[PDB]
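A.B. asks: Here is what each chain is made of, one letter per residue.
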Amino acid sequence: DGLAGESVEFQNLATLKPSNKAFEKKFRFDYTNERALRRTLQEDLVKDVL
Amino acid sequence: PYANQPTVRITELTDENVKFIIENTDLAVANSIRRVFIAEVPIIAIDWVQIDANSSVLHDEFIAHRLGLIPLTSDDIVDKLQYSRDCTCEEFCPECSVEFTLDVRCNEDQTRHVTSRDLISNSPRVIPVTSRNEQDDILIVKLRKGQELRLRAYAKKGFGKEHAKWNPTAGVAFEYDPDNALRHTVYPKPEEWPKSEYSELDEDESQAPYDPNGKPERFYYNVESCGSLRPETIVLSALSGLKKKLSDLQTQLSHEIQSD
Amino acid sequence: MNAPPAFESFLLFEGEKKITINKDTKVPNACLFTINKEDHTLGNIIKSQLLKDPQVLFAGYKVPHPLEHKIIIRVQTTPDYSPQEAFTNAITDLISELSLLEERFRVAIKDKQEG
Amino acid sequence: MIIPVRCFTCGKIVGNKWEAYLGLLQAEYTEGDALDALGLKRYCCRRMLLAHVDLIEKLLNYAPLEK
Amino acid sequence: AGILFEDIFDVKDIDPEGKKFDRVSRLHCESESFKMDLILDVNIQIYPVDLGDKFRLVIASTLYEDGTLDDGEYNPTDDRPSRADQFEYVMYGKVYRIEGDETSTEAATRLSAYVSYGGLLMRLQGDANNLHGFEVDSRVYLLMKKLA
Ligand SMILES: [Zn+2]
Ligand SMILES: [Zn+2]
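Protein chains in written order, with PDB author numbering: chain A, 894 to 943; chain C, 2 to 134, 144 to 270; chain K, 1 to 115; chain J, 1 to 67; chain H, 2 to 149.
I should point out that these hints are in silico values taken from the structure, not numbers from a laboratory.
Fair warning: there could be bad hints in the mix.
[To be verified] Below, in silico cross-link-like pairs of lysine-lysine (DSBU-like), each with a Cα-Cα straight-line distance of 30 Å or less:
1) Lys26(K) <-> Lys37(K)
2) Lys21(H) <-> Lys199(C)
3) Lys37(K) <-> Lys253(C)
4) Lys36(H) <-> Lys146(H)
5) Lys52(K) <-> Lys155(C)
6) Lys58(J) <-> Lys155(C)
7) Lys20(C) <-> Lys205(C)
8) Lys81(C) <-> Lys23(K)
9) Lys55(H) <-> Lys95(H)
10) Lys253(C) <-> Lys52(K)
11) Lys21(H) <-> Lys95(H)
12) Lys199(C) <-> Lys225(C)
13) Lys70(K) <-> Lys110(K)
14) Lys152(C) <-> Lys41(J)
15) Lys255(C) <-> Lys20(C)
16) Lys18(K) <-> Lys225(C)
[Said to hold, decoys possible] Taking beta-carbon pairs under 10 Å as the criterion, some of the chain K residues facing chain H (in silico):
17) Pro54
18) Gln55
19) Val63
20) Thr78
[Stated by the list, open to error] Label pairs and their computed distance ranges (CB to CB):
21) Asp54(H) <-> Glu213(C): 46 to 56 Å
22) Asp80(H) <-> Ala183(C): 39 to 49 Å
23) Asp54(H) <-> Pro226(C): 28 to 38 Å
24) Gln46(H) <-> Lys254(C): 52 to 62 Å
25) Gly156(C) <-> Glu28(J): 52 to 62 Å
Just so it is clear, CB atoms sit at the ideal spot from N, CA and C, and this is done for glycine as well.
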């Protein structure tokens with residue numbers, strides 16, 4: 894990998910273990926639920942994404 | 002913003018010890034006083050030895066070590082003598098030292114004990130504590155028939171911070187908060203701990219109730235003397251010496267401030 | 001071999017200053033007092049008397065290394081006051097306390113010796 | 001070898017107490033009562049007398065080099 | 002006025018899991034008015050509290066009676082009027098968590114504000130309208146006084 898050993902650390906791969914349903918639920922951006930967008934993004938972003 | 006007004010109550014006073022209570026002072030002052038009793042009250046002790054003959058079984062540094070530990074009566078003379086650093090003489094003079102000689106030969110089939118009585122001084126107010134007019147004399151060495159010890163010594167002013175031979179105390183008892191009202195110590199099982207002699211608790215109570223407002227304000231001392239100084243002279247010398255250290259510091263501080 | 005002479009704990013070397021004052025630059029009204037050939041005996045009393053002064057905002061001391069023979073005292077004051085003035089006043093208060101304790105001990109001894 | 005002049009821990013003189021200690025163990029004091037008669041109230045001073053070994057008495061069995 | 006939350010609480014329990022620390026004890030309390038639930042670690046050595054004690058709790062953004070920010074630096078010589086003089090026990094801490102029952106599509110009806118007072122923890126939870134003054138990483142003062 895070309896890396897020095899002192900500068901690396903333990904991390905978890907978030908996509909390896911989840912089921913297909915949990916993977917989709919966690920990682921697929923839902924651009925269709927307007928109220929969830931309105932709770933997560935400011936208005937001009939919700940208008941653009943929709 | 003200002004000084005304490007401490008109070009003193011002497012509860013026992015003997016030739017060997019003084020027991021007293023200081024009240025309305027700070028713990029730091031009480032501890033620095035305790036420290037000065039040990040480290041910074043000056044007395045006279047043998048610090049230079051020359052051996053002319055030593056046929057004893059103990060080597061010369063052993064004899065000299067033992068002589069250095071013999072306590073010498075210091076009371077009014079040690080305030081008069083200079084330190085050898087401050088004195089103007091080339092090496093020794095009556096203004097900064099007391100001369101001693103010892104000369105013992107065993108000529109008998111009985112073992113000769115050589116003692117602090119065989120030390121002879123040139124100054125009649127600076128003598129070994131055991132030689133003052144009971145407690146026996148300090149044993150220096152034992153001589154077999156035909157063995158000899160002959161030496162000359164000078165005693166110098168010094169204080170226990172330089173060497174323990176100049177410590178005048180034989181133990182400093184110090185205590186505060188005898189019933190653990192301040193909880194500075196915390197006992198896991200208070201019922202196991204024996205009462206202080208200064209306790210005011212009844213025998214069914216292991217420690218006083220916690221005082222959230224108190225701080226150390228009463229201190230119990232037992233200052234025991236090795237005999238070179240009277241116990242009260244240990245205390246008064248310590249208070250004078252600590253006051254002098256502070257005055258010297260203020261003189262240097264005021265020069266430093268004027269230099270800035 | 002490398003034993004220091006025991007008097008080096010309390011005698012100044014030639015040209016050694018007893019006390020040096022430096023400004024603490026990182027906060028106002030603050031000084032470091034470096035005192036040579038002194039120990040906990042003076043540091044702890046000076047620090048504790050300074051904490052009795054309501055115009056002192058910080059007082060602390062350290063022995064930087066127990067084989068060295070110097071103490072650092074840090075003081076900070078309110079801006080109407082001075083850490084040099086606090087340190088001088090503290091020493092004056094201690095001297096007065098010890099003079100009063102000395103006189104009262106002489107009296108207690110005299111009373112104990114003759115009822 | 002010979003009794004220390006001072007208690008190592010507190011500086012009390014004990015170098016004048018050894019011959020008295022021996023002269024109390026003769027006359028059948030217990031070592032405790034002998035130490036208490038000598039005023040050795042702290043265990044650090046008692047340790048000095050109770051644990052001493054007077055080997056100088058053995059060293060004095062050898063004749064000196066010079067008469 | 003800088004006050005974030007004020008209510009009167011009744012001590013319903015003390016150290017229910019047992020005594021975890023000797024000088025600190027965990028109160029469990031309920032509001033009378035706003036029906037808040039309070040968990041609070043208290044230095045009971047200096048300020049002892051008994052089961053069924055009633056006390057007034059103020060959480061404030063500043064001790065000054067006038068609106069004025071706190072630099073968080075200990076000045077004991079500050080002589081400005083301070084609400085601490087109306088109270089018996091005062092702590093200083095920061096908000097480290099705000100949990101709630103919010104969903105993807107709905108705002109929270111209930112909130113849970115967590116504060117650390119140098120490691121003495123507090124959780125105040127109840128209807129969200131009472132807790133809108135709390136913001137994470139804000140410094141806050143707890144002021145507490147027993148009621149007869
Ligand atoms: Zn001289
Ligand atoms: Zn001892």
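A.B. asks: Does each hint fit the structure? Answer for all of them.
C.D. replies: Quick rundown of the hints versus the structure:
1. Note on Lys26(K) and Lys37(K): the hinted pairing holds, with a Cα-Cα distance of about 27 Å set against a maximum of 30 Å.
2. Of the pairs offered as hints, the one joining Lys21(H) and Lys199(C) holds, with about 18 Å between alpha carbons and a cut-off of 30 Å not exceeded.
3. Simply put, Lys37(K) and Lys253(C) have alpha-carbon atoms about 16 Å apart, close enough for the 30 Å limit, and the pair holds.
4. Our distance criterion of 30 Å between C-alpha atoms is met by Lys36(H) and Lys146(H), whose separation comes to about 19 Å.
5. Among the hinted pairs, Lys52(K) with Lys155(C) is inconsistent with the structure: their alpha-carbon atoms are about 68 Å apart, more than 30 Å.
6. For the proposed pair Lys58(J) and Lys155(C), the alpha carbon gap of about 14 Å is at most 30 Å, so the pair holds.
7. Restraint check: the Cα-Cα separation between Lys20(C) and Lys205(C) comes to about 19 Å, which is no more than 30 Å; the hinted pair holds.
8. Restraint check: the Cα-Cα separation between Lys81(C) and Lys23(K) comes to about 42 Å, which exceeds 30 Å; the hinted pair is violated.
9. Among the hinted pairs, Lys55(H) with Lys95(H) is consistent with the structure: their alpha-carbon atoms are about 25 Å apart, no more than 30 Å.
10. Proposed proximity of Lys253(C) and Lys52(K) is supported: the alpha carbons are some 19 Å apart, at most 30 Å.
11. Distance check on the hinted pair: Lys21(H) and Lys95(H) sit about 23 Å apart at the alpha-carbon level, within 30 Å; holds.
12. Between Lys199(C) and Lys225(C), the direct Cα distance comes to roughly 23 Å. Compliance with the 30 Å bound is thereby established for this hinted pair.
13. The straight-line distance between the Cα atoms of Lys70(K) and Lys110(K) is roughly 39 Å, outside the 30 Å bound, and the hint therefore fails.
14. Restraint check: the Cα-Cα separation between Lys152(C) and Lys41(J) comes to about 28 Å, which is no more than 30 Å; the hinted pair holds.
15. For the hint linking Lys255(C) to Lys20(C), the alpha-carbon distance of about 25 Å falls within 30 Å, and the restraint holds.
16. Note on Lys18(K) and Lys225(C): the hinted pairing is violated, with a Cα-Cα distance of about 33 Å set against a maximum of 30 Å.
17. Given hint, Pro54(K) at the interface with chain H, holds; its Cβ is 7 Å from that chain's nearest Cβ, closer than 10 Å.
18. Taken as an interface hint, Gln55(K) checks out: its beta carbon lies about 8 Å from the nearest beta carbon of chain H, inside 10 Å.
19. Hint status for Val63(K) relative to chain H: violated, with the closest Cβ pair at about 26 Å, above 10 Å.
20. Among the interface hints, the one on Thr78(K) holds; its C-beta lies about 6 Å from the nearest C-beta in chain H, closer than the 10 Å criterion.
21. Taking the beta carbon of each, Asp54(H) and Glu213(C) are about 34 Å apart, not inside 46 to 56 Å as hinted.
22. At roughly 45 Å, the beta carbons of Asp80(H) and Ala183(C) sit within the given window of 39 to 49 Å.
23. The hinted window of 28 to 38 Å between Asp54(H) and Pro226(C) holds, with their beta carbons roughly 32 Å apart.
24. For the pair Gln46(H) and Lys254(C), the supplied restraint of 52 to 62 Å is violated, since their beta-carbon distance comes to about 43 Å.
25. A C-beta distance of roughly 36 Å is found between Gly156(C) and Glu28(J), which places it outside the suggested range of 52 to 62 Å.
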